[PDB]
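Below, in structure tokens: the form deposited without the named molecule, a single chain.
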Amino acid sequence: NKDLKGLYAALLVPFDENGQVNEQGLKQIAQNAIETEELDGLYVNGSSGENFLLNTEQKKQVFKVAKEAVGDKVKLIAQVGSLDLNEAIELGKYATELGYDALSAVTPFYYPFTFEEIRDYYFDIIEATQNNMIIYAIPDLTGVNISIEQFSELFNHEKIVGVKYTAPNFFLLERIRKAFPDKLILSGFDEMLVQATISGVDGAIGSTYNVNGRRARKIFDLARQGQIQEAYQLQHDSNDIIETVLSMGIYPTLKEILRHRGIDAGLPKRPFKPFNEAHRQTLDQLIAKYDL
């Protein structure tokens, strides 16, 4: 189907005081990512969208608004993973009908599922939706680790087309790239983009690309073209930004940067707290220093 390599924004969502989606701001955020940050597509309802704090209706809300906001050319991946498999299937079917290019699903978490149970969860969504599937691996949030041998068993499925690799190890990533030459690998750690690039990833998905998407493009392009010294310098600059927002509370902070541009970025969904104003001056300095 539609080519899915490239650079994606992990779509952020604006909320009102009652934890309701602000659909107008969400549209602005979608359009900022594509038209301003010049990104290839959106990764919708991932963790950085505050997805797992939402109800099924709101997730459908987000899928709709993001879909309608961007042109046909834009690549869309739908994170549909949930602790409720029936919900996952319901969302997978919904997005698929909305015209999303692939589904993605976080590894089942909370409970100590066996690999067998984690495997058949992917298989059960694929069988129900019949859309392509991208493994969403994020061990730092889930405590779930996937080995090469387990990837082998997963990638043996034709409709499991790739992995959103949001794990820090570059030994594993190298192993995965070599063991699976013809599968899609999108890296998920923004602060290691340049290393992921030269380790041969096919693209990247990231929340910071909502505000830093054009440096990310440069990093990606330059490293592939051999201009690695310049790519690393821009990685230096991007890590200045990443380290700073991480210290302030990443989702509210990124959205506050987005607010600066005239976007109705709203609030985080409770129990996340709003941006702490004690960081405001340090934040304004950042936006100024890096033109954000």
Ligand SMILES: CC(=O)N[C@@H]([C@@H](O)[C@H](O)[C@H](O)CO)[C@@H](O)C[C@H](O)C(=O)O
Second form
Protein chains: 4
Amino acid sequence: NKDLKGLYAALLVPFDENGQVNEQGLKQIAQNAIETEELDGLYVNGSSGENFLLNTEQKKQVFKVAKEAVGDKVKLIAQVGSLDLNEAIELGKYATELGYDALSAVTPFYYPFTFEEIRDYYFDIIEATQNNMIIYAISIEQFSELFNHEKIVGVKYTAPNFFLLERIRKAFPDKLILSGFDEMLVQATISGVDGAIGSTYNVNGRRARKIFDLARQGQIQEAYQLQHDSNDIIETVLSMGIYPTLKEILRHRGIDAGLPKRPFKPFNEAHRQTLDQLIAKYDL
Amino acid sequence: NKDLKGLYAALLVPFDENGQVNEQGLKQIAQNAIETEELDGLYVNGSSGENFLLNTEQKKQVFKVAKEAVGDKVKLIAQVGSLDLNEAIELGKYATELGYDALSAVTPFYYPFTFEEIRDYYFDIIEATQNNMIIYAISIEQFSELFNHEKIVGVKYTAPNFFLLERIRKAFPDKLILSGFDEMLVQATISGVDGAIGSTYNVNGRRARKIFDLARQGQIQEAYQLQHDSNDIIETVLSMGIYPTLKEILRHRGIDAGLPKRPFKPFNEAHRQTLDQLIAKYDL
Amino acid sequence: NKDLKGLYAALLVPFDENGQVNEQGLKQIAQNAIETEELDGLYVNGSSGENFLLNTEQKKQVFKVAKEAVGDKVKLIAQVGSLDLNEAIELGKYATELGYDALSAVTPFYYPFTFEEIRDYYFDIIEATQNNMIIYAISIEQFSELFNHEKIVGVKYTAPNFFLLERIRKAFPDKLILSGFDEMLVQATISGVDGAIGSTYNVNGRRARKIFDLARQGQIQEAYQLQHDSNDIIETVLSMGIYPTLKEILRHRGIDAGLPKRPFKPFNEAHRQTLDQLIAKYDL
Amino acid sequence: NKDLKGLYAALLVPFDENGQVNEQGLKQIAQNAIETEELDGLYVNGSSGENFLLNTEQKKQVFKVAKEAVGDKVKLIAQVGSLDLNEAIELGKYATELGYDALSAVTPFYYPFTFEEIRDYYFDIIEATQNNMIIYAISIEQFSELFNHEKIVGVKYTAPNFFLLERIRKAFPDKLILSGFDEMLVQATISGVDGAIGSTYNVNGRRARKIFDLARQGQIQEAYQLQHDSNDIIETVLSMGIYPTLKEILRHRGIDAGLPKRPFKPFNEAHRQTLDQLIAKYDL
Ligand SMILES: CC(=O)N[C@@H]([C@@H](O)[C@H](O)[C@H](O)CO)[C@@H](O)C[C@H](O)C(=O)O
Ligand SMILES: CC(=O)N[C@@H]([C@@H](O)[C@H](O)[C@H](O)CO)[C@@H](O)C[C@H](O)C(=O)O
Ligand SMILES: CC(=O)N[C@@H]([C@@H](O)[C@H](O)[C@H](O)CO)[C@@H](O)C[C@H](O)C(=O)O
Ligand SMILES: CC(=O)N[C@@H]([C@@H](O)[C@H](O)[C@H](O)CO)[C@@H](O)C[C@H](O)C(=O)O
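Next block, the form solved in complex with the named molecule, ref. the form deposited without the named molecule:
Complete assembly follows, chain above in first position.
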């Protein structure tokens, strides 16, 4: 199997009027991420896929359509984290046996779980699935204990703290760190991350690779300049409602983008003009 | 079609090792709330019931068992809110048909939902269930808009703010306000709440009701004294892990309180004896 | 000597064009708080007095005028807190010998001071003045170590937390607790405070005594109603800029109440009509 | 005059045990930064020099000694921000007459000042001194309004947010941006800052230069390794109390670094060995 370096699209998901998965749309979006946007993998059933709004079978369904839509070279990570540990294990099992290269799982939220409970949450999932696990982000000393598990191969780092990122990069040199913040990709890149996961790479993945490459290939100034342009895109998208707007941009490419699953509201058409100017300026 | 003032137990729920509901153990906890603690009703599948760790079928299960557990004298509120809007509607109808007096739904969390998305999450559930709804706590202007809908009969108020609570109370003298903070019951009472929902009422319902009545009768210094050592209990139980420690205190009464659902951990025995020291001091 | 319980006006201060103190205005305001509003005492050079915008000379200046405006029976608390400990001790001495019945000092802010540095800040001021001290903002055990000192007679309690207030009151029955949140007086009173310090008592002093008295006598419903009324007032002045607005209300009584000290801005005349209506509705 | 690109020490200040400035030790700390760490300039009476613990005459004192101690080619920025706008104007005038190249002012704190009050605080100081101003503490238009002023030549940027920093660098390509976070120099550098202001540069100024230089020449990976080194130094120093520990390191170079001003506590000797190890490991 792989090491999981590279740039991943946080897979977006198209729905009908009743919060049901549009599979033909979903296949188009996965294929847009690899063939058109030229990314290395898909990060399936994360935040960006409106995962936590779904029921278990929808999650399995998305896991299914995504894996079928792409070649064997395409790296795949499966987010299975859920407040329902039994569900996590079940999705973990289902995903592992579909051939997903690694699992990852959101930290137990809502309740104020203790570190110990958070820790044995990950360990229980690994134990029942025997797949590689990527965690979320916790102190250095607590990472230290998590990464002591041979099956916890790394972290999806989403906290915009570049002091903590550097301490983590220095202390765990042989561990996978993927950054989760699109608008600070070039800062993550020189801070030594091994790749990135991103909702906006569904639309802007070709610029993201240049940032990631130029910044490691010395050409930091040009990389920055491309981060300037991407942050124009990101700030605009964030301002209209990020997921529906991204899917609105993909619809413009002849993709069946469907709707957001409620309680997410659809793209508000009062934003239509501004979005078309954005689509025109950066050619999306 | 009944009155909703009063003190509620937020139903605690017993599980086995595989995180399955201990059916018979639940029945007891239900009855312990009504008969021994003498509470006006049951708040079912709220956060205290570990509800967000469950799948839909367990949630229906807890709904039926809690209902068949109690008399009709007993007010029943069904917490039905979930990130899955479809699931909330399904639970909503199901709880309504079972005869729960009002529905109730947590604020859609995890994502940064706009206020209009939050508003139409409630309106969608009300529409599909045609049952009275109790919301969580969002500004006063926004409350005004939400309370404008007729089938929104009030709010379960958990925010530490007594300025805002006073403003709501004044601005909506005809809507129901149940407070959610056990350790400040005496302050919510004289702020004119219509009742309270609590986890610690499973154990301490009789000091709770006396806090509630004595305060309304202006016997306030007495009511306070009771808060002053209901807070002993609460401070203690929080420092040990509130839901497993609470269900520990019920085991000490012959109730089959089972285990927490993982990733919640079982009560840690290193506390066991500060615990029953307290069960002793306050006769729990 | 003096019993420090009671209601205190946090003393507003009038300035001229250049930021220099209006002593005649100040004396009127001082007298208004005792003679007109019938308060047991003054709290001089607190936040409400724009104290932290002042130089040392001016702070003394205020301390002197406030002493010379009232009678011997009038309780007088001096806030001398400052990031400059040399300054605090200089004012601490000056105010103690003017005859102020106690000193108060804000917790050292801006820098992330440790508890030890904070503790010994308070102890250093007492040792140099031998006067009584009221602490002004930490852990209940920290309170213990602070209140373990005989010359720390109490705390000006400002944080809107009624669990923590309940704990401090149970744990230190012999210590003085004055609350600083006017809009939650009634809740503070039934929580056993010995009195209160408020900016708005300069203007709504008489309703505050009634709130404080009625609450204690079990006339809780009438107390809460006067809280409704007073919160209309409080909410309104907060929305117009509280210190400039409070002072505007005072000018209506013919008190030469002057200007805020820059960079505070003068009362915006666009709020004039709404303020005049507030004044008329509540007879201010 | 000079245009203020480059690296500045946030000038540390030595005190006797009564909190009076050790002027000869200060003169030594000043030359240390320029002659030994080879920095481009001094940032004087910022928070690293314990400015907000001082009185006005001490502040002028530190402005005076620091200017005397250095050659005319040294860039000098005077922090004259105070809550007392009269004090700030006075200090700004003084530092300007002494010859300081620019003033700088902390945003008004402690009170909830509006944006307008903040804007006109800066505008008042500028008009009274006719010196260039460097702002620091939030919107982009709020930034754009301040930056509209030709005397506000830039900003000491201390918020560790690299989305906003990028947004400002793009929107104002011609303004001066100096970063204030030493532990993220390399991330600041590639984000296009014109330089940096730092307390630890008093001790690590040469490594900081190399980070700033190497990154801009696109040798990002060796710049980053030097950031790894500097963060060891910064993390250790924060864990021991940063200002006292920085001055202890200076003392080891024969500088009379004296004592922190109370309520700051002096360096704790239980940290001596760990500090000696750091000094040895990094040749400090
Ligand atoms: C919370 C979130 O959606 N963040 C996403 C980022 O791609 C974007 O920067 C974010 O959507 C907007 O900045 C990304 O990390 C998604 C996340 O990896 C996931 O699990 O889908
Ligand atoms: C966080 C929490 O569970 N709060 C509970 C309160 O009764 C208590 O004050 C809490 O358990 C202890 O602070 C209660 O509001 C739970 C809530 O009502 C529910 O839906 O179960
Ligand atoms: C921060 C502040 O000025 N709070 C005041 C309260 O009286 C009022 O509740 C506040 O002004 C309006 O909520 C009062 O505590 C003043 C303060 O104690 C002081 O030292 O002057
Ligand atoms: C609050 C503080 O001391 N920050 C300093 C930074 O150099 C360091 O990164 C800070 O010490 C944390 O490491 C520095 O920015 C101080 C500031 O520039 C000043 O005005 O002295």
